[PDB]
Amino acid sequence: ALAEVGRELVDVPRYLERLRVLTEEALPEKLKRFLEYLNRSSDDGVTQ
Amino acid sequence: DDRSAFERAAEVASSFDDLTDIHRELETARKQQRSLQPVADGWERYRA
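Same order as they appear, the protein sequences are chains A and B.
For the first sequence, our numbering begins at 1 and goes up steadily by one.
For the second sequence, our numbering begins at 1 and goes up steadily by one.
Just so you know, these hints were derived from the structure itself, not from any lab.
C-beta atoms are modelled at their ideal positions from N, C-alpha and C, and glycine is treated no differently.
Errors might be hidden in some of the hints.
[What the hints assert, rightly or not] Selected chain B positions facing chain A (Cβ under 7 Å, derived; list incomplete):
#: 1; residue: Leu-19
#: 2; residue: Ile-22
#: 3; residue: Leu-26
#: 4; residue: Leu-36
#: 5; residue: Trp-43
Required output: the full structure, derived from the provided sequences and hints.
Have a look at this one:
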């Protein structure tokens, strides 16, 4: 996601903006995945 | 006779895969965030 960016001072704000964006948008992934996975159950093992 | 098991075992184990992958992705993203932050700190000190 940032490997293409260079190694200069002008590149630094690109890194900072990407870091902020991923910080903001990682939490939605956490929610939409783990909250849905909270519905999982292990009834099959017990039943069988 | 033989009316054994070891068939439903994989069926039960199949559930964990998506959760494991999602957890891996989330942890990798968070690790990248921790890596990114000190760059911002150093840039602040550099501007000072």
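A quick look at each hint next to the structure:
1. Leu-19: 5 Å, holds
2. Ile-22: 4 Å, holds
3. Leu-26: At 6 Å from the nearest chain A Cβ, B/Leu-26 passes the 7 Å test, so the hint holds.
4. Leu-36: Given a least distance of 4 Å, the restraint on B/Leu-36 holds.
5. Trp-43: Check passed: Cβ of B/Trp-43 comes within 5 Å of chain A, closer than 7 Å.
Consistency with the previously given hints is maintained throughout, with no hint failing.
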